[PDB]
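Form deposited without the named molecule, single chain, as structure tokens, below.
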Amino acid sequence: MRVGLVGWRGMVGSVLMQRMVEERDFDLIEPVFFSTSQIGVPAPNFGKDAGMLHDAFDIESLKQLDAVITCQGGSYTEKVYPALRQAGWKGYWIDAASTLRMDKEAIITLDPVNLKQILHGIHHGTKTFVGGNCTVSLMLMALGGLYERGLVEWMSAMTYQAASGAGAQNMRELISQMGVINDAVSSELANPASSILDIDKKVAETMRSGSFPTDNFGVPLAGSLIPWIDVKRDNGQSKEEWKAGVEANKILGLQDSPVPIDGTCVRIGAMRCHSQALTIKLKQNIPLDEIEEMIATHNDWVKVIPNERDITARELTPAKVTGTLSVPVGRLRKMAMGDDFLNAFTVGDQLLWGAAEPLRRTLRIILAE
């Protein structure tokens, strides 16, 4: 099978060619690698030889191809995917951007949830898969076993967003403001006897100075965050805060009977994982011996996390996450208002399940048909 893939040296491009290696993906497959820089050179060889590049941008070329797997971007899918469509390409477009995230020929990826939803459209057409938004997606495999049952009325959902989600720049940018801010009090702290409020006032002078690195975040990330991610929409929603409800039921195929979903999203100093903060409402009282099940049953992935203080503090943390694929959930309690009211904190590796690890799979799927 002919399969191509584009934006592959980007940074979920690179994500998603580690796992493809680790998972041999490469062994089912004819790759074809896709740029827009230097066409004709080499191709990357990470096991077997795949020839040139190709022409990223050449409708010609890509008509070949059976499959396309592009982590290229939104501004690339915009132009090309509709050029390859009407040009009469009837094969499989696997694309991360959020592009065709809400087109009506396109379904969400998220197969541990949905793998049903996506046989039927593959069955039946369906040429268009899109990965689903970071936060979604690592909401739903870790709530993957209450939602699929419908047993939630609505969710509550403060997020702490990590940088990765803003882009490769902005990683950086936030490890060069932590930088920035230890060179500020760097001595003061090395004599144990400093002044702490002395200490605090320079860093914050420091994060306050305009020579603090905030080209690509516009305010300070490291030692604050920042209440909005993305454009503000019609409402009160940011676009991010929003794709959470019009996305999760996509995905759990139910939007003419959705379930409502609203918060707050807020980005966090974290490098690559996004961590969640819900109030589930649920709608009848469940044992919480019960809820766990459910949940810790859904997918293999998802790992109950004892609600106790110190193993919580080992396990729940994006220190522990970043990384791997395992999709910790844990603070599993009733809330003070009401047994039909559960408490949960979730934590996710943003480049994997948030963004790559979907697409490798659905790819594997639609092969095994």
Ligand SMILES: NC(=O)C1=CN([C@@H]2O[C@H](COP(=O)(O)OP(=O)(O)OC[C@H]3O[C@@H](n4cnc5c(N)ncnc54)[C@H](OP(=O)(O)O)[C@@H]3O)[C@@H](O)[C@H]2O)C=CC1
Given for the second form:
Protein chains: 2
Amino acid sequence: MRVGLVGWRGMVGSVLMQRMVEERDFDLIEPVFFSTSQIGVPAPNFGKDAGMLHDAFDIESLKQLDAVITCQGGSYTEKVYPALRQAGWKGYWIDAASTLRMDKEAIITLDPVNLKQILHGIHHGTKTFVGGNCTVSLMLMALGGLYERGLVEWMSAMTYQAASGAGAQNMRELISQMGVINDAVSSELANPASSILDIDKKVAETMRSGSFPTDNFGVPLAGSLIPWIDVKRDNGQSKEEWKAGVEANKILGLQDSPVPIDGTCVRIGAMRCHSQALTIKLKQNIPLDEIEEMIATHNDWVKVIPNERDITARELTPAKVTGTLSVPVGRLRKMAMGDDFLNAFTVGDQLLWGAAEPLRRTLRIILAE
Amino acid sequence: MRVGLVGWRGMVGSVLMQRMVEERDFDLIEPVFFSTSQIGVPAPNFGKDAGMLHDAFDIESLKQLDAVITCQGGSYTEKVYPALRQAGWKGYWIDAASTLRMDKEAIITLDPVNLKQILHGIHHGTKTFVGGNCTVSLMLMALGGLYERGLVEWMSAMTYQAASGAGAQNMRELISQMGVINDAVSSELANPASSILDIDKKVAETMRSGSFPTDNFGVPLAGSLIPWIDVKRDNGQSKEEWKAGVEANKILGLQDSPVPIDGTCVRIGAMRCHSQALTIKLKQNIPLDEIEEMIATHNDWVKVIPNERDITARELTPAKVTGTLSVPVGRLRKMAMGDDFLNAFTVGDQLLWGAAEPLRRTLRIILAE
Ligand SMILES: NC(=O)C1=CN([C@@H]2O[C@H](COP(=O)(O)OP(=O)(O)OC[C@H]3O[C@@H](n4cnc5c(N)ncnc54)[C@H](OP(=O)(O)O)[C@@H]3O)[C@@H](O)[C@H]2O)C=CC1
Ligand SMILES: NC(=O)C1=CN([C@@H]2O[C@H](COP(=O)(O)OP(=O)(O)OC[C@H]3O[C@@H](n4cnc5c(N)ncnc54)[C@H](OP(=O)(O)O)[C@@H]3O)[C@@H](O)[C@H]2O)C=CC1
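Right, and the form deposited with the named molecule bound of this protein, after the form deposited without the named molecule?
Whole complex next, starting from this chain.
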């Protein structure tokens, strides 16, 4: 099987390449690397000599592939995908971009949750598989056990999303802002007797100055937060908040009687892990022990963290989860509103299960079929 | 009126002193400054000569006062208050500490919300007024218009709390961690050709190293978050989470039929502003227009922000709010769950309305009556 890799050099592409090498996926395929700016240059060697970098916009060369995994971006897909399908290409298009996500011909891939849907799609001619919004994937990887049993009446999700989710330059900007903040008061901080209010005044002024690097976020992120991600929609939601409801329900195949999912998506100063504080209304008053069981047994990556202070601080955080495929869920308890109200706090790496991993897994499933 | 000041030198006390100077509160009282570390030397001069520093632990001295405003802390209140009351002192004790908050002889003070209760208390013998938990005060300052009309059935609050809530040293630690993170990749941070994954790798290692400065938080805060604040309670709640409901209902005078308030309190890398994402269940389907008016007209500090991307990014954040008495609230909209489900996001400075402001206002109220 000849598999084309587009967008392998970017952020999500690099995590994918790294994962494909670790799982030795290249041993199972004939890799062909593409580029939109380094055509002709020798292709990267991840174990196999793939030759030179091909032209990512050459529909005719793309047509000779059996599948394509693209991490290039939405505009790329919009430009190339239509022309490629129209050229008669019937190969598998595995995309990280949100472009085709809601197309009737496409399946949002998150196999630990919807393997059956994916298989039925493969067995019935579906050739387009798209990774879901990073936030949706991480939410379902944590609560799949509940949704799977149709136990969720509705769910409010307040998120704490990492800078990396907006882009590599956004992550760089976050760390730069951190340095600028510290630079401004490094002397005072070194002086044990310095005034905290003096340090505070200086930090606020620094964050508010024109020199503070905010090209990418538009406003400060380090030392602050931004309660709005992506474009505004007519009902007042941001596109980020809207995606949760429509994507989760498509993944679960609940379009006919969707579960209401809503909340506020907030950008915080975390590097690359998204965390979510959920208010889950259950259709029944299930004993907490059984709830923890349903959650834990859903997949190999979710992890129920005991509702104890010390352990929660050490394991239910971005510092702990970053760079791993682990999806811890903690603070599980019934809420003051009633025993059919379940509180849950989860953390997940949005570059792995939230981006690269489903693409990886989808190729292995297709190969296995 | 002779008023003793205890804890005027610390973080909260310093914010209080500056506010008392700005409002010219000292022109209406005879201030007596107390110390827990050194006496006999001249007291601070915030306008008028106040004499020497008095022994904050001397019962006889405290008995000579008409009131005491203390920001010293609970340890101090526990040592002094009981003895002072047992000694027959009937003066007003205005406290920033949580010690007496749920005491049957104490009223939690947040006059823009419960002036009536405070006045009633003063006219009927109540001599102890305690400022509420910062998160409670900030939430009620933003949503008072709704609670005042008994329109809230329940509310789920997911917070984003600043380092200052934990203390001056915690704020310093947050900034130091930011510096350590930046230092680790400072050299390549600005080079767009360097691997963002390698940068991420180094930041992750740095945060995980034993030498990362975590003496106060125990784990990293900068670049991460900690979904647990204060000690665990027998149900699944942390003490911080538990406070919200009991304190809010006491302030509102609904202890016999309380509004269920619950959620997860999370510490994030902000300096001195607490933000909250609320899922508000209304008892009736009220037009969003009326809700906005109700919220906006409740007090002089709440500020309702249009539900638009750019204005939200610049107005509804700690960067905007820090060091000010403004309490913006935005993202107001009905949720997918139904027209009686209201989403809201608010930000407030936890050292002002969340700590110092209620104390000086209570003093002014007592002076007037
Ligand atoms: N960030 C996240 O957490 C998530 C992102 N996604 C999606 O994944 C897709 C790709 O995102 P992302 O990987 O962040 O995009 P990047 O900008 O990091 O990479 C995309 C392309 O930009 C080109 N490029 C230009 N300059 C550079 C450079 N200096 N270094 C490396 N590549 C460069 C490369 O193409 P070429 O080699 O041809 O020049 C690369 O393939 C997007 O559609 C995004 O929405 C989905 C879920 C999560
Ligand atoms: N931080 C926050 O956001 C909030 C705090 N609170 C409460 O306010 C109370 C006080 O907190 P906080 O103000 O942070 O306590 P601080 O540690 O900042 O100050 C308390 C006392 O420590 C002594 N002290 C010792 N060294 C110093 C120093 N180098 N500089 C200044 N003072 C020093 C002073 O007492 P002396 O002059 O007698 O030596 C001072 O009054 C607590 O009960 C807390 O729970 C309530 C809501 C919010």
